[PDB]
Structure formats: C-alpha cells, structure tokens
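Shown here is one chain on its own, the form deposited in one PDB entry, set out as structure tokens.
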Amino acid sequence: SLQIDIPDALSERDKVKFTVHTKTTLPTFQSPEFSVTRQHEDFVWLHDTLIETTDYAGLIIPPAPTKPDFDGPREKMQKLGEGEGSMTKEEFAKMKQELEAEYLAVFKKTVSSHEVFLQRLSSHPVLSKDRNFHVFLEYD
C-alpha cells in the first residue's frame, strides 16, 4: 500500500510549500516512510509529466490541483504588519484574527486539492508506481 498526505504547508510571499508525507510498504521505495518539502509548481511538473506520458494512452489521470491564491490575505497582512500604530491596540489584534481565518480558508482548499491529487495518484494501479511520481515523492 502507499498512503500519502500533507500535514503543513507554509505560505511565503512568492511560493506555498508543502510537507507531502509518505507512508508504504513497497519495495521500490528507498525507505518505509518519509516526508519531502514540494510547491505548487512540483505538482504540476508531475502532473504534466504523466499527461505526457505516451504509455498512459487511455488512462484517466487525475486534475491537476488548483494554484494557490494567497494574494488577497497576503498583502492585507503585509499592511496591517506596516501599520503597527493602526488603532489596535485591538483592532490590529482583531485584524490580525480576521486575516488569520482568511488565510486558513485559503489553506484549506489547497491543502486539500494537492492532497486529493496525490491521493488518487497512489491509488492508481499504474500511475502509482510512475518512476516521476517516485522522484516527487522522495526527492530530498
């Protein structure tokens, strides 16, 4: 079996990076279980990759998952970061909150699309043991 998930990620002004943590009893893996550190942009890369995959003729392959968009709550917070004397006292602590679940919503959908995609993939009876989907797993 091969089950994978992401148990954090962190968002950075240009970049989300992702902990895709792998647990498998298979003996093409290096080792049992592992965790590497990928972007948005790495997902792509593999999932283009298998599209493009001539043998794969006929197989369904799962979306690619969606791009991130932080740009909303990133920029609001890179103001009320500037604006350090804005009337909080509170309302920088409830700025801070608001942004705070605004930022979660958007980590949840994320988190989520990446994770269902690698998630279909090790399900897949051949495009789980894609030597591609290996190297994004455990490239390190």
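We call the rigid core the largest set of C-alpha positions that still match within 1.5 Å between the two forms. Residue numbers count along the first chain shown, from 1. What changes on going to the form deposited in another entry:
Core-superposed comparison between these two forms: among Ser112, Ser35, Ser86, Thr53, the single residue whose C-alpha moves by 2 Å or more is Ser86. Remark: with the core as the superposition reference, the CA shift of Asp69 between these two forms stays below 2 Å. In this overlay on the rigid core, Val44 has a C-alpha that sits less than 2 Å away from its partner position between these two forms.
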Contents of the next structure:
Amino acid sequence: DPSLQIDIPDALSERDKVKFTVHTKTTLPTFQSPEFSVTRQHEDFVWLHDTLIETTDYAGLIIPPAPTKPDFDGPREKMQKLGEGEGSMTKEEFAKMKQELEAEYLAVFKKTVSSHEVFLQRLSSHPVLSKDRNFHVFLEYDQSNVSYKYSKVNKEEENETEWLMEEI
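Got the form deposited in one PDB entry; any chance of the form deposited in another entry too?
Next comes a single chain, given without company.
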C-alpha cells in the first residue's frame, strides 16, 4: 500500500483520443525513480490486463478487471447540437446550456478516470501482481529511461561488426 502509490491526476479528451496521466510515487528499489508520471491511453491499460491474464503463474489469482472504454460520445454530440442552435438562443440561455454541457463532460471524466485509476490501484495493492514486470513497464516506461545495448564482433571476411538495440 504505502510502498507503491498510483493516481491519475489529469486526463485529456480530444476528438479522436483520450489520454491519462499516470502518476507514481514509490519507495521500491526496482523503479528508476521515486516519483514519475507517464501518459497512457485505454489500449495501454487493455494491453496490461491481457498480459496479466495470459501469465501462467497468475492462474488461481483474481486479476483486477480492465477499465471500461472511455466514451465521450454523449457530451460531444450535445456540443455539436448546441453549436447548431447558438443563433436561436440568448446569451444567458446559451451560457446555462454550456454549463450543463461542461457538467456532463465532468461526469464522464470522473467515471472513466476512476475506472482506470482503480484498476492500477488494485494492482498496486496486490502482493504478487504489484511486482509484475509488465506492470512496472506500464508505469514508468518513458523516453528518458530508454536504455541501449551495444554489441560488436571481430571481422572476417565480408565494415559491419556492430549492433545496437533498445533494451528495457
């Protein structure tokens, strides 16, 4: 519990995408840093869940259900219809309806952020699953901690003796 604390402090709704800031505070020796944040989308959560489900060792374990898919269709439909009718409304009527629209966006955000956040928090509190290496990668993988492995061989007789590849 206290050893690995995860939250989603903010999220972004775009026309074609929803992004979550995943923020971690940890004392665990395994992590590069004690505090860090990454950006993740729903499909990354689904990947993590699928990976844990397919892990043989975790048979007989209760895996936290995957988050629900983010759906901003409702608010975005109302946003369009409100735009169509802007000419037919007073300043005060329009602003009221913009308030209700923003209240609906807020309710959707609240529900989907909680769904994604709880999933990670349940993993963080599981004595076994909190150690999973894919879970670790989900939380901290970033351009800043990319590592590269360099290899070289002697030549004879085709220069072309070196290899580079990213490693986790």
